[PDB]
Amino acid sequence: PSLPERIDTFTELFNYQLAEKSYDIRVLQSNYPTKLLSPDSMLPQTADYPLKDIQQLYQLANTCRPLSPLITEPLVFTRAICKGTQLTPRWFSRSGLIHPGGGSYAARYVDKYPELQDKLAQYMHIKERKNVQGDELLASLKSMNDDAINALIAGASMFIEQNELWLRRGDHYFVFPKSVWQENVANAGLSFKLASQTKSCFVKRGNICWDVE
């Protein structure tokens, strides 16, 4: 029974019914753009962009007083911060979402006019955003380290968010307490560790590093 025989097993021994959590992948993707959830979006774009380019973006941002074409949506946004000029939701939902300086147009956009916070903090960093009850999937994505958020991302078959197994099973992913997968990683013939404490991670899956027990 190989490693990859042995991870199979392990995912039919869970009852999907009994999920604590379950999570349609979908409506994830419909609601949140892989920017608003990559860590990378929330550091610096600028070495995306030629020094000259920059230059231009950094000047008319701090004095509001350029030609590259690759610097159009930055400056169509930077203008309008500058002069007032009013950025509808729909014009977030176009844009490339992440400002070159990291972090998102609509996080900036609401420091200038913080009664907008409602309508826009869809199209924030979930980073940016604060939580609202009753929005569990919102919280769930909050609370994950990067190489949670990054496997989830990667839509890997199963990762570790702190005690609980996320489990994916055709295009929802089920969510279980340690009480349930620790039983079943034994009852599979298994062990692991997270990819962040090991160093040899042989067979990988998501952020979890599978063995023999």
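Numbering follows the first chain given and starts at 1. Throughout, rigid core stands for the largest set of C-alpha atoms superposing within 1.5 Å between the two forms. What changes on going to the form deposited in another entry:
When the two forms are overlaid on the rigid core, CA displacement between the two forms of 2 Å or more is confined, within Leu57, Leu37, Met42, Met144, to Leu57.
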The other form holds:
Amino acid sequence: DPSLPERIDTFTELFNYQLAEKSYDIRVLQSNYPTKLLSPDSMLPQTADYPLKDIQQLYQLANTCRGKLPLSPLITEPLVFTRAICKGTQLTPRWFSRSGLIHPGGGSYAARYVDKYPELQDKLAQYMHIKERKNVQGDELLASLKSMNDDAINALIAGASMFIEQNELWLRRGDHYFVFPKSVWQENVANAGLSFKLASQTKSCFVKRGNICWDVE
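Form deposited in another entry structure, per the form deposited in one PDB entry context:
There are no partners or other molecules in what follows, just the one chain.
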């Protein structure tokens, strides 16, 4: 009687990938969304790189436009950003495409810049975190990315073999993810002799694939 890994393999071979209703090319995904613009952590204070003390001094240097900051190779880029805002220095779109994109206090440089200069919205939207971006008519990938919860988008960022997005199942095949609705995948789970729970629902995830904890029927 097949092992759990074997059934998962049997499970993915039940899908007709030519008939998937939605599919995305991972190369196109990477070229248009740098990982830092997808990571949920990017919206949070960047305490993995800067002490929370430095981040609060940056806000004070921002809010007052006076004040010194400790020096370091990395903080040089946020310092340029902060002073440019105070000095009224024009930062071009090229500057954002060449930057590390994420401000030390969480969020993107672009979103913060557009906050001061709201007319630059359309030029700098592509350098903003997806959580800072409005949905645009006919940008379904951005719509799909924005609707994912942390566990789902982190499985995407990890390039996981599969993951569940609400009621849709994302399956990786070559350079693409193929998206299938529950009306297709639920029966496939049963016909393969499987069951599953999400990583956030159970405490026991011994056979993990993306955000999915597989088990037998």
